[PDB]
6 protein chains.
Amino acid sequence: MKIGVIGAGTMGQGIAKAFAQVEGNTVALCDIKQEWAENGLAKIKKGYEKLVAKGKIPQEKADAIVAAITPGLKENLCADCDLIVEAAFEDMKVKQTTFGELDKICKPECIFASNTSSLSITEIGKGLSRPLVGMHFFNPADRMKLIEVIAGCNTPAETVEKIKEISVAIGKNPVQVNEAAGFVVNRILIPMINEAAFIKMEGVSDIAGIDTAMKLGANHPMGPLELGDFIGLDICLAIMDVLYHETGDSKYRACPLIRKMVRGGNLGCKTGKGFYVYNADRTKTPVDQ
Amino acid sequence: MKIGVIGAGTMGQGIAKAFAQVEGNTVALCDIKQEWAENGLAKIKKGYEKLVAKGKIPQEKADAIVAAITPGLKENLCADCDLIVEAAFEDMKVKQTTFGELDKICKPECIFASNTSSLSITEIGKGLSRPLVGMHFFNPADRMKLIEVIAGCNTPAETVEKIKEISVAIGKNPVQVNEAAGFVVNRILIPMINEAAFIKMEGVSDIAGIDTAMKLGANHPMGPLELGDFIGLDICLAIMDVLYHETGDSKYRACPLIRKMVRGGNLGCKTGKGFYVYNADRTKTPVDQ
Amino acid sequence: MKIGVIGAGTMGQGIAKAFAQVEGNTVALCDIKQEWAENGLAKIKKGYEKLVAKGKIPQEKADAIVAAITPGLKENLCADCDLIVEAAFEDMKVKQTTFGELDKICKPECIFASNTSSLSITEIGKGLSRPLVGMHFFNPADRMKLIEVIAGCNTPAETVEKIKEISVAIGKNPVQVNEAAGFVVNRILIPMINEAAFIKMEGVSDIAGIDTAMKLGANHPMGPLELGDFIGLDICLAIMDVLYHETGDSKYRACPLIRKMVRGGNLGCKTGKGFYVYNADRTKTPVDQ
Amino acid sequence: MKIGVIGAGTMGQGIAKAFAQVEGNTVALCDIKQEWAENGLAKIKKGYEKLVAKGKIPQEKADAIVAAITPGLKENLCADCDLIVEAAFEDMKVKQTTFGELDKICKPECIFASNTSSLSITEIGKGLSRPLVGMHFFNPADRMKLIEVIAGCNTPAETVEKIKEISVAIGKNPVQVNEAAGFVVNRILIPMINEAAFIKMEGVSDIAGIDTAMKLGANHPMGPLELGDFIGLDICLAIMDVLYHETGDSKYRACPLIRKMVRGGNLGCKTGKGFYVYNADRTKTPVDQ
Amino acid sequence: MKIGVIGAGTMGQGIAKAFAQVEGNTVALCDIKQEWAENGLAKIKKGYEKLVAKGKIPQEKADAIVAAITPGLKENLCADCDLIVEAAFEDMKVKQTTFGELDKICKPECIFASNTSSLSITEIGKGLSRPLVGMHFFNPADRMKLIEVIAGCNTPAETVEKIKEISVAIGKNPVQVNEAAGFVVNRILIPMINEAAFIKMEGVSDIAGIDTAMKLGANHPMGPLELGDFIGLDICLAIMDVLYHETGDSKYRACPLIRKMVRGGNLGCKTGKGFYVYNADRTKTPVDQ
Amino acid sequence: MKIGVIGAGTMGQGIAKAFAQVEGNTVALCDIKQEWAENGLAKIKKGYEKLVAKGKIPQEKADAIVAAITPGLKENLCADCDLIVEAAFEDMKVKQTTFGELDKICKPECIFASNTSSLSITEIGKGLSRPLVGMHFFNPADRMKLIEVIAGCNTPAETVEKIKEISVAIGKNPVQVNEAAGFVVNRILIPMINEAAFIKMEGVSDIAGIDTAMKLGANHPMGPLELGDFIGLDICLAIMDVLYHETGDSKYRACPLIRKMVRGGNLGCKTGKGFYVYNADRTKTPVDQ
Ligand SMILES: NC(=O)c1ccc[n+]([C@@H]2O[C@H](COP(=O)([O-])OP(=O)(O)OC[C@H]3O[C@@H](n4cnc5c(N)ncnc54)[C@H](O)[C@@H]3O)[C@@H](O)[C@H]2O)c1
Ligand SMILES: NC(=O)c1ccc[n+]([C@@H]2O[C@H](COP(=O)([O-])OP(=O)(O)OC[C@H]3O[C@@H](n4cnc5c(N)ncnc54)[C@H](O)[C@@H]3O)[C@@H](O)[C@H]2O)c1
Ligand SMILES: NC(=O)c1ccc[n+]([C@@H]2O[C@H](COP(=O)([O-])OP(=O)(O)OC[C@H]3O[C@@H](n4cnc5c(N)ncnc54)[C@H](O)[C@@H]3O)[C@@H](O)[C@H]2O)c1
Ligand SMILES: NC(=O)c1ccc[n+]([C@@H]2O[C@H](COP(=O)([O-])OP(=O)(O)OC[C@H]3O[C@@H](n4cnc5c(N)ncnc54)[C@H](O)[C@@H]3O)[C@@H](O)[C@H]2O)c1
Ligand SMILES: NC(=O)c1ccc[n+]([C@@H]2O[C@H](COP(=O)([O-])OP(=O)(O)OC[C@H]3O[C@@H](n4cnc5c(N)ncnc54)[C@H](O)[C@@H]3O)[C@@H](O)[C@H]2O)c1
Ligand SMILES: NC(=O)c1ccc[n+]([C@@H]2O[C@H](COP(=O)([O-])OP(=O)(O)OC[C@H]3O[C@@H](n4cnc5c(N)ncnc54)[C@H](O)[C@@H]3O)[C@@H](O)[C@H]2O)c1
């Protein structure tokens, strides 16, 4: 009911879908400007009718979700609608600038969670009139079932359990984690991608060989270079850079190959080229040749 | 072709099975003592008709397979083989002595391959005449389809691809690796386990929560703390120390909590207690609770 | 001699008292506004009125010390001063703005000194027409006998000696420091407290355990965690980051637990909460239980 | 109760005094040879007569304290003892074989404790039939009030509790320390001295300056360089090496200046030259001038 | 060939001379306005005549190289160019916008190039209509023969080879560099200078000794401490910090002594004082006595 | 003056040549066995068929150099030597024993010098009746004109000044060094080669391009990879390890490529294969093609 999704990108669309999938949620997909928001809802819709083509979901529910999602600026969001899940740029200032009113133009009745993957939950919510909590999704947010619950330094446990019940009543498994850089999943998962980059940069193996070896030798559903393309390399570099800045530990130095690629605009799937090139045939070719 | 397997342990049997399921590839499964190569051999037979008993093999092959493997010790079986996949104690001097002995035994066109994980392939065959290559199987070597081919500093390109051709001929998917500590799999997988222990020691979450987070948010079949008990925490601590000694990079410094548990005999599954207590009724209780 | 103390705060007051406590030393206590300056003086007087009523100083000298301190702002009273000791905000351009403005106001023979602890003496006085030196007092400056004489890159040895002589002229012991981060005391004392936070965060011991251990085993007047809240965790955090940034050495990486508390506004005694909760009944409870 | 003190050295003598100081406590002071155990008792009795002649302890109690300590060998005396504190050479295999001996001579209900400060108490007692705990006394043990209770990986919470009861009973303050290198005091105090050496090596300040800065700017009873000369630079270097090897963290790297002095035999007070030259005139002169 | 050299500073003048030293070459020397753009040509002409005065080039060629250069503004002169080489302020946003203009002023087949020492070629050319490549010159650019060719993340192999051909066509030896921090020379040379400062700061050897040790022990033409002053200590400090920030590796931490000198304006030859005081008599004197 | 050079290897012969080519210098080239002492003199006199068959020197003085070097072993020749220069195996245990009896054999006014590049001068001369000082030559000692005078902990400055006196007498340039790992040249030069290896391993540039870039870009007479092969990659790897284990800083970690090549016996010029393949035709070829 009146769920607030700020950010209409890779995962704002997934959280919008994950909430609008169930009974009634009437979800609010907002972005920087109006057309970028409906561009994200259009991608949600084209996916939904590409998924009735293969008959994995009926046609009536596909638009019941798309019609429950209202695109736009924060002008449908900020009528004190409900619990709000920010999915904006992985940058401390932008995550706290927007939250300067998502507590305010909403009634302080509401719950203000952030889907940040490494940032400090406490510093995001440093001056708002009500707690800021962390609800952490994983892409695709409609398929994956884990929700990382992160309590702020002085965030009351009232907010933490009311959001644990929200995820339970959506088919998700809530697990509470104490606030630290990259919490639990990303602090373990992202350096795996960072290490595969180092392995390729230092000529240990090729791109396809790194991803095959992690899939057959460790039974992983996707290799780390594949996984970095799916997440988005700009996000991967931002998470690695937060871990380094917070800890001061060179254990988390981002591999220079990834920063070179992110500077080149090759962020993976969302840009059409990562460690692999994404051809129109829905096929995937390693950049190594 | 005839293949020797120096060592009849977990990897000695596993590799022998992978070399027995196809054709007139006769394996000489050796060990230090004949009492044990048959012990080894006896263990493989039991697991076969553990599964002949389950309508999934015909025993006409589960017998032609076990008949192809002949047990003994190196000198009285290994004069007429074309490939030696040694899998012995992970010690630099036992493998150097071994290949120093088999060099004066085997055919002068028999290929010498090592199944080591943490030792330098180049240093193994430094005193030998014929090239030494890396052939890294994965537990269990019968069904695991990945083989890391390790090219040493002086491993000719010819030797590498013949191992790559033997690997495809036995259904395995090979990958070429230029010698570096932890090649690909263990260089990514083991620091992942190491980072999970840092999560626990720093109190970011509990043992169960870390494991469940990694199978629900990253789709991993086993949790990292789970896997560390399976592989063996002594094996993981040794690999982290190899990566740290080889590179000098404090990025691969082993977690002090893991070093504490190894000195306590709590090596995981093979000792009854690891990160989880392995009770008699098979319940897996985290030592945290 | 006449001395101009720029800044009428905690250290400006203590430095004004340290100089006027002598005899031929008169002080010019300056601040942002005049009312903010004679504010600082009014508190210096109230202190000396209490020290009189306890029988630990006569009234006639408490009168004489206060009579030697004249409030106001600079430009009006710092033209004849022989020594300038700034006690302004820990901000580079603030001290640069201030020292450049006094460069025209003070007579050529006026020595310029700064009280900073984390800012580079050499950089503060870059464009100044005269040398700049460091005079590091320790709170409370009127009773603490140590003064660090910080020599800059272009601080002439003679300027160093004139600070040495004035320091002995007021009963203090001057210790010369060649400009480095954390000079001598902070570079040793703050990584001490920083180590205590790492010990607590990694579950080595409890808060009450660490502090009483450091005062019983090392005979220290205060535990490090206690001392952290007393100096202010924001101050200790900024010092570690200055150490880390200047040297680039991960040895001085700030403990994430301290950075978490500073984000939550828990800075210690000055906010009621720290490693200890400073209760209204003036007791002090470890936050561990 | 009866307390077997193993090792009649500096710490064993003080620990024997710290126990025989209480009324109902009997001490067995053992060593390698019987005569060596009696020489240690002769020295504590000598220090007691020097205390009676100075009127700080009546002659009645010194004779009672001395009569509670009986020297000898491991088997003859330690059979019927309730607690065992070992104070032997800081050698992993020395302490390992000693506790294995007592595991067959000491009664089952006897408690096994070690005075080690650099070795892993988990590893010390890995093969014993009973738990091991750490009881880290402080020199001089007869008047130092701290006791560090070291809980290993398999030290039960019950054993930690009874060690704290005995410590409170003999007038000491227990502090539970979960096993980590340098526990609490040494992990904080030794890097402090190590930092002071770095400050001198980099020419920040001279020797006497650093020490007087720490006693006047931090209210410490002794300067860090002074403290190292009193502890012994060989031990301070050994501690830093343990911290560096157990963590793998460049943060705990020893100052090369210290290692150069240790190689030169300038270990401080016990050699007559450290950071200070210790003349026969009871004076102390820094190497700097 | 027509070459547009954007930036009339120290390297812009030399790079313009390296191209006009050859014969079918026209050079446009651009700046922000036109006066200082013609000034840059005036500094060149004055440098050129002092060579004809000593007898090192005839007036026939000195004037002819001057005539091949045209000062002015970018739009007026660069629409008909075949190569662009920017030598502007080492600032990422500045270089990003000038190539945005040139992307629509220059003809389709014109080749862009950047002389940057410390900024990512990939990022400079993120959204251009044509590839961006690095052409690193070395000061003095008209006689030094090395030209580092930097391949960005998206720089085609063809455009790099065209730059290679342009290098030999003007008398230079090109070397291909896949973009990394410091490319090749600065990544090796600057940490060499940095290490010399570390050797000095820690009291290993004197300034005069370190230099003579490197020129006589390694047969270098200059010592590392005098080379740093020749380059400029601010330049060297900026290279070490870009290396440190790009790699996140503490291996490239800048020597605090170099940082202190830059803050004090002791930048080397260009300021008359570095590790050596460059004298009236044009002879150098170490600051070490 | 008469000198005793202990050792007949490359540096033993080289220091013997460097001394015997002045005039009043007589050398006692002592080794472990006489026959190998005449070995060194033979290689000296064999190579000296390239100074008179080249006729630079007249055999009036071209055998007065080979006549000044007298073979034999230690105890029979060094009873009255003016200076001792050991060049034995780079092993701490061997050198102390060597100087241990030279102490009793040589006259009291004999100066003890050592040529070690990695071992600690202070530790070698700990238990001696006279100070030991470092005299570090550079291969080839006859042509290289630098001498690193290494002052140990207990080495007097007076003893340093006479090593400087002797160095000028033989035409060399002494530089005083205070004992530190890798002194000055190796601390700067070997990390150069180490960084060049990292550049190759990380795919930044090829072996040939890296070398010409350092020759043409920094005016170095040799490339850094070239110099590693010339110095010997085993000695280069040993220095980095010595630099790493002494400082404890991961700044000095050895490149894994170098460690790989050393394990493969590809040490450079003295084995025929390094970073270049050294042809008998006196040319070389990079291993990159
Ligand atoms: N990429 C992942 O797999 C995932 C992992 C878990 C956490 N999330 C977190 O979600 C956040 C969003 O990143 P993403 O993965 O969706 O990639 P993304 O960059 O494509 O999505 C970001 C979206 O937010 C929009 N946006 C930016 N600023 C905004 C503002 N002020 N107001 C409204 N909208 C704004 C952007 O236009 C963009 O559409 C990240 O910060 C990340 O921490 C990332
Ligand atoms: N999952 C794993 O354990 C992992 C997987 C990849 C490869 N690695 C490597 O494979 C190799 C085999 O290890 P494992 O898992 O089988 O442990 P293991 O101890 O069970 O196997 C050792 C076997 O080799 C025998 N052996 C020892 N020395 C011998 C000798 N000199 N000659 C002949 N036989 C000898 C032993 O008797 C024993 O049977 C190891 O080097 C290991 O590093 C194992
Ligand atoms: N125990 C300590 O507080 C510690 C001790 C050593 C020195 N340091 C340094 O001493 C200096 C004094 O800090 P503080 O502890 O007194 O905090 P404070 O806030 O109490 O003192 C700051 C005072 O300086 C005034 N001020 C600001 N700008 C001014 C200006 N341009 N001209 C005149 N006055 C100005 C402010 O109005 C304020 O009253 C700081 O730089 C601090 O880093 C303080
Ligand atoms: N200031 C300190 O001395 C410091 C304080 C904290 C604890 N530590 C630890 O205390 C323990 C002892 O320190 P110390 O200074 O007294 O050593 P020490 O050299 O002064 O004397 C040790 C005594 O133990 C005896 N001993 C050795 N092995 C023995 C054995 N197998 N059986 C019986 N006796 C044996 C020795 O004969 C010797 O008398 C060490 O583990 C040390 O790390 C000492
Ligand atoms: N020896 C060296 O200094 C070193 C050598 C190799 C290359 N690097 C790189 O060369 C480049 C230039 O270095 P420099 O020595 O000339 O410093 P510089 O400051 O002297 O050059 C700046 C010149 O370029 C002009 N300029 C600035 N912005 C401009 C713009 N937007 N358009 C046109 N002109 C502009 C300025 O007016 C000025 O004349 C830098 O990127 C530097 O990193 C310099
Ligand atoms: N580029 C270099 O070679 C480098 C340069 C500076 C000095 N260093 C140091 O110079 C010393 C000599 O180096 P090297 O290359 O000539 O070694 P080497 O391998 O050439 O042989 C060492 C020589 O010393 C002899 N020797 C060994 N032990 C002896 C002993 N106990 N008594 C007498 N003679 C003994 C040996 O017989 C042999 O002749 C080493 O310590 C080395 O680290 C060498």
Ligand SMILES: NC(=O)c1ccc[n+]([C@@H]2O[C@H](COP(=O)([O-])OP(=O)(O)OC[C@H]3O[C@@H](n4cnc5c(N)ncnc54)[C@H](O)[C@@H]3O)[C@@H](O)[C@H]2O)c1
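Numbering follows the first chain given and starts at 1. Between two forms, the rigid core is the largest collection of C-alphas that superpose within 1.5 Å. Compared with the form deposited without nicotinamide-adenine-dinucleotide:
Shift analysis on the rigid core between the two forms singles out 261 from 261, 44, 37, 65 (C-alpha displacement of 2 Å or more). Superposing C-alpha atoms between the two forms reveals a rigid-body rotation of the smaller part against the larger of 16 degrees.
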Contents of the next structure:
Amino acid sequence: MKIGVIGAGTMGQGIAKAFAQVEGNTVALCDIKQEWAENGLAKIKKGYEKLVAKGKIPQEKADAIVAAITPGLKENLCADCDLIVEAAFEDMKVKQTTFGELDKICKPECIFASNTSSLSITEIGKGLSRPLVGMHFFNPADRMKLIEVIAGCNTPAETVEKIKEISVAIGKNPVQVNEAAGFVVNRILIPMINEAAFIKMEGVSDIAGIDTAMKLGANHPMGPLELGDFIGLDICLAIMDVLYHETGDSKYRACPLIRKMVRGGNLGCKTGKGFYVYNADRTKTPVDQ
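Please supply the corresponding structure for the form deposited without nicotinamide-adenine-dinucleotide (the preceding block corresponds to the form solved in complex with nicotinamide-adenine-dinucleotide).
Below: the lone chain, stripped of partners and molecules.
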């Protein structure tokens, strides 16, 4: 099958990889600009020469993967595609027009899916001719094997089974989700990080104490403060506000301490500082000390 992947950003690249990894699957990596298409494609090229050179990929397998992936922009490429997985800018009117255009571009049998974490799958596919489903990947999508199959108000049960079967065609475990804010993982995980920021804000414990408590007591792989610096605190803060706005419940109000840090650019690793300082010399120190 042929798969069109809208958006050549970090999530788009990882989704292109997840399909190119298998077999006869072809990936049309479209974006706004062919420059931005091949940009993401050169990024896919770079990594996939590395795990060659570290005895982790043969080469005639690393090459056949970038070979199934053809970049470019849509319109050109998505007419024959079997499935669209859009991974563009988490913006309602973007996704709506993008899907309106592809609605006349793609063949009638193409399945429409979006990777959105924070927008209504149902609202995205309102005035359309074909069902719109949610196919939620987890970065890096080419390694992580969970798929949340988001069902919308009008998404037929068959459109769901098809995605679950495709997911099981590329190596993932699909979990069915009837549309609600934060689905399952975000709705549970992000408020974990929020609670940790409230615990630090109220002088209950320190940054490093909270994280070693959470990983030696719940045997988690990371502390929640660590984890949020790794997700990006602007991601965390945005998820909290979606939950809060979708529910009307103060239970999901964001820690003011997260909204302060994000206002200051202290977003975590990607900005060198959030709850920890990632030193130009590689290691990790809590801003407590």
